[PDB]
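Here you get one chain, nothing else, as structure tokens; it is the form deposited without the ligand.
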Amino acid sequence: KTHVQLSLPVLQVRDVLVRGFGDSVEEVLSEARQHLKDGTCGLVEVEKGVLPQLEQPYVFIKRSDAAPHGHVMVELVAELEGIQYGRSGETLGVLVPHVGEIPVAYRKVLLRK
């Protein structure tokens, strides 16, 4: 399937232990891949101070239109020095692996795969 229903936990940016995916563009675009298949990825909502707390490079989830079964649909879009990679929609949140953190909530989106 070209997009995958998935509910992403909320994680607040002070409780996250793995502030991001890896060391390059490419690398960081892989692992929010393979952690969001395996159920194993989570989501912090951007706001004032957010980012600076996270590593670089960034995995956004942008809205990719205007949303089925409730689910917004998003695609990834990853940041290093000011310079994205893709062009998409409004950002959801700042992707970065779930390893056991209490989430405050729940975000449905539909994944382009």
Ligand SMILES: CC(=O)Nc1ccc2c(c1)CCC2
Second form
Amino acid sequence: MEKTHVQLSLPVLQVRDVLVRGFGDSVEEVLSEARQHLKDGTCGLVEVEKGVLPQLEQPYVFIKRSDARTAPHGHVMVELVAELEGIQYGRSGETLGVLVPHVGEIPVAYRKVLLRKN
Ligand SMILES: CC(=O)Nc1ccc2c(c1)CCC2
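Follow the form deposited without the ligand with the form deposited with the ligand bound, if you could.
Shown next: the complete complex, the earlier chain at its head.
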């Protein structure tokens, strides 16, 4: 009975502050764990710039833009896509960032998203 989309405010973390640098050891695990942390309010977002991905652990979980036609209520519609060894699992739009566990790090911003609970 979960709705197809949920509005979330994600803490945006700087890469060098992140204590737990990924969600696990396989594509299926990272997607699962990312979803669980998103549900629990314990998921952060790192914006991708040069140097960021090499400082994080693969497989990566990205949130990517799902629709251009509109962004309801200020929350960009996004979906999850994992990457391992240059191969992506999911096909979507532009990356908003890479998801990581949040364990109390102080964010630099909050990113409002409307997440597809695929
Ligand atoms: C109320 C709600 O939809 N919570 C929620 C938030 C994020 C996620 C879920 C559930 C399941 C998949 C990821």
